[PDB]
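One structure is given here, and the rest of the page talks about it.
With one protein chain held back, the other chains of the complex are shown just where they sit.
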Amino acid sequence: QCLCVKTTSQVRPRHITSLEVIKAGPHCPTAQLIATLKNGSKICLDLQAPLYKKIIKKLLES
Amino acid sequence: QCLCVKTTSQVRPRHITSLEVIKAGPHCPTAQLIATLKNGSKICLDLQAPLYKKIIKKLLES
Amino acid sequence: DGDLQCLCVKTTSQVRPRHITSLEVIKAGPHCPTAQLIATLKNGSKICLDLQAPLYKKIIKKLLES
Partner (left out) sequence: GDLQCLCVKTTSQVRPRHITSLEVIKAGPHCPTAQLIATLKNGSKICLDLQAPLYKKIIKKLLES
């Protein structure tokens, strides 16, 4: 019953306010990357992708 | 899209630390009840009144 | 101790339940002696709601009825 077990990512690094990295375990066998956007909505970044990278950095150089 | 498309009701209310209620938007047809547990986990809740009700009251009556 | 502290510092009563696009309910604990009601808005701003006010009951309904 993963939180992030569906589509993954096509977002604008512009509107991400926070990025949460959740470890795999009980309810989810894989690591989930959830992203909170300005408008308050959430999304799942791709554990298996590059984009989530610059995203973190960006958030840290703010 | 959403993160919540496989909601659950198997959760123990004393183990919830916070509950996020996301308003239905374009990319997601329905409202979402994100529950974060004591161990940091996240799960999607069934949009059934008695549940989140009994929950928001245990969260707000700490 | 506690590296965390309450996110909320003051609550907004005069809020337009319309623009509220999300709501987070936080249980009390080490981080904060009281529970917290943080509502984000369509514009991206965030405000805290009063626990001794029905408004949140209202807002949560409006948010869950789609």
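Order as written gives the chain letters A, B and C; numbering starts at 1 within each chain.
Note that in this section a residue touches a chain if its C-beta (ideal position, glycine included) is under 8 Å from a C-beta of that chain, and two chains touch if they have at least 3 such contacts.
Student: Using the touch definition from the top, which of C:38, C:59, C:60 or C:64 touches the missing chain?
Tutor: Missing-chain contact among the listed residues: C:38.
Student: Of the residues A:5, A:11 or A:56, I need the one that contacts the missing chain.
Tutor: Here the residue in touch with the unshown chain is A:56.
Student: Going by the touch rule given at the top, which residues of chain C touch the chain that is not shown?
Tutor: So the residues of chain C touching the unseen chain are 2-12, 30-31, 38, 45-48.
Student: Tell me, which residues in chain A touch the chain that this view leaves out?
Tutor: 16-25, 30-31, 47, 56, 58-62
Student: In the complete complex, which positions of chain B touch the hidden chain?
Tutor: Missing-chain contacts on chain B: residues 17, 38-41.
The rule we apply is simple: only the chains that are shown with their structure count from here on.
Student: Using mean CA coordinates as chain centres, what's the gap between chain B and chain C in Å?
Tutor: The separation of the two C-alpha centroids amounts to 15 Å.
Student: Residue numbers in chain C touching 2 or more other chains?
Tutor: Residues 21-22.
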